[PDB]
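Presented below, as structure tokens, is a lone chain in the form solved without the ligand.
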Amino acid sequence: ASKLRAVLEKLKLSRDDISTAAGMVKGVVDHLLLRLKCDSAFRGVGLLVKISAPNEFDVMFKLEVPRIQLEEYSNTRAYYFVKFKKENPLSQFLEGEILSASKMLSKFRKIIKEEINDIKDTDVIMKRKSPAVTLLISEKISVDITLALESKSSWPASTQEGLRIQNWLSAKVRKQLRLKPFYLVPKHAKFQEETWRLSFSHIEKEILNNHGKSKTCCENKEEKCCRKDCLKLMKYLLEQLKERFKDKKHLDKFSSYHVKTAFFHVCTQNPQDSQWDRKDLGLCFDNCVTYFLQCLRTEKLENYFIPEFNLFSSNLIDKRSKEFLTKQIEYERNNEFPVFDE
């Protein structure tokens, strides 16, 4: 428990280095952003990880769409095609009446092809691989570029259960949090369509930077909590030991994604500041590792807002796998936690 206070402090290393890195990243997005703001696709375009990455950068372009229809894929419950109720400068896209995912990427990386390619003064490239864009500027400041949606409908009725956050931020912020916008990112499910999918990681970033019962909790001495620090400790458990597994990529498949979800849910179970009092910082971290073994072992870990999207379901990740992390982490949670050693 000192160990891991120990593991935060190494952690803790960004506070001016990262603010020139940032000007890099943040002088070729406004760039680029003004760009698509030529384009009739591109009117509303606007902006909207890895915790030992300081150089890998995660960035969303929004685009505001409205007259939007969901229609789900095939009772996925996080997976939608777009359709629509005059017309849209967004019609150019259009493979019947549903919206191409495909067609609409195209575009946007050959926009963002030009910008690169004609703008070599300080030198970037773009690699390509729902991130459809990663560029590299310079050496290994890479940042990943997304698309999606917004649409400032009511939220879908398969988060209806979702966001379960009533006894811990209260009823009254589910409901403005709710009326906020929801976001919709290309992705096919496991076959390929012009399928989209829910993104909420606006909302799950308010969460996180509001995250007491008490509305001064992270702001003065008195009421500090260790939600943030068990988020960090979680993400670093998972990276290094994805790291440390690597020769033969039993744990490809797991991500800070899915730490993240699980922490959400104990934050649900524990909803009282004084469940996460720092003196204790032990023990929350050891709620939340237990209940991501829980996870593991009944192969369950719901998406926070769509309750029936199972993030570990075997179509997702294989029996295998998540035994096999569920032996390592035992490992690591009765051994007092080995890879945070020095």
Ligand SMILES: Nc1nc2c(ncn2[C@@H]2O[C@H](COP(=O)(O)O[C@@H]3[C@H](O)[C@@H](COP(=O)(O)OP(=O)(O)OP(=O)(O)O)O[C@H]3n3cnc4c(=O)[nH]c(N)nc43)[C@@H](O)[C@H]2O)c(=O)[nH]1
The other form holds:
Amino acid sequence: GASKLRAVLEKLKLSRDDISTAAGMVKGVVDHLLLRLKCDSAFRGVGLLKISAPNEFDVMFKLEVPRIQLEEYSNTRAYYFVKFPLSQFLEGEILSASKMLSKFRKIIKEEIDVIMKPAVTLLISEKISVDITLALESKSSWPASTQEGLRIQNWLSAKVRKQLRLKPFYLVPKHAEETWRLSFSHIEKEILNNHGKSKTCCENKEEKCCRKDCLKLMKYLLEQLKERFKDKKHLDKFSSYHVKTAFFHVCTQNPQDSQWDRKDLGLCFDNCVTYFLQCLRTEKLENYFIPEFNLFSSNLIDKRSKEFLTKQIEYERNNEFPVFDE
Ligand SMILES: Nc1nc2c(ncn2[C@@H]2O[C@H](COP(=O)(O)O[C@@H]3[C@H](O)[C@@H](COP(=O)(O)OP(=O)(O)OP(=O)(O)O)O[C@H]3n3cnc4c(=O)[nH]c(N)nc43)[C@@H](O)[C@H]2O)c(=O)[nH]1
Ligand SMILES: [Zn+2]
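Same protein, different state: after the form solved without the ligand, show the form solved in complex with the ligand.
All chains and molecules follow, beginning with the one already shown.
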């Protein structure tokens, strides 16, 4: 379906000045929050670690904490308690996510045409929504639950996995409670931008793969379907993170750049859609870094919404995506 999909990618490029100038003011607001945040004892040394869905922007504020100790919350491989001026957020020996997240919020309140709402949400001039997520930074080795994650050996190399896992990891105050959740959104950006088996993937005309186009098509497929099913709101829980995560699994499944040749955009997209479909139908989408953390368990998304999106994605697939027409 190259023609139809290439037309879609060409349509998306048309809003490139909208995504830029809208994030162009996200910038000057985030720098302003960063300035006065660095004036508070607890948030000194905070710094910047972007577009989720047209006009939905995400910024992560990283904060360097001293040596950190993690206790896995129950058997949820992603959620943890945290222990070691930061002393003010303590609940005994653990560091209170809910309480730290709370002072963050209030410092941004007195700093704010912007208005409020793990994410603190701003609204710049009504159109532009910004997610501002506080991230604790740990330079310790990654937690045990990531040992079998990041299965990039056959795709990027074994040595690249070793380089990636020497980098810090992050905890956002997202409670399953004073609990924090692992974050590797910095690693997600690295493997997205440095995505080939060939180190020179997409640096010359002989190596133009279609990995990034497939993810765009997949993000756009979900955005369009979510728009169409706005009457009965069955798709509210699915995000482009479910799409990005599935796209990482397909990259692991098709590790060679030859499996992402631009000429094959139609078949590559089909691989992304079929694997996403298998995830919905088996109620299993593994976090790329934490395999025993199922983003699609009936815990997070009930079975009816998943069965719903299957049928729609299945119909779209079997009919050469009429959602992409005209
Ligand atoms: N976006 C995102 N999701 C991630 C990441 N790593 C794991 N996940 C998990 O993927 C699922 C997709 O969620 P979403 O993006 O559609 O929405 C998530 C989350 O569900 C929502 C908060 O909803 P809540 O449960 O009602 O509240 P919460 O428990 O967060 O409240 P509190 O903070 O008081 O505890 O927020 C979205 N979200 C999650 N993490 C982030 C993040 O880092 N940035 C932004 N902008 N939004 C986020 C979910 O199951 C999710 O956990 C990951 O890196 N990104
Ligand atoms: Zn490439």
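Positions refer to the first chain, counted from 1. Think of the rigid core as the biggest set of C-alphas that the two forms share within 1.5 Å after superposition.
- Once both forms are overlaid on the rigid core, the distance between the two CA positions of residue 9 between these two forms is under 2 angstroms.
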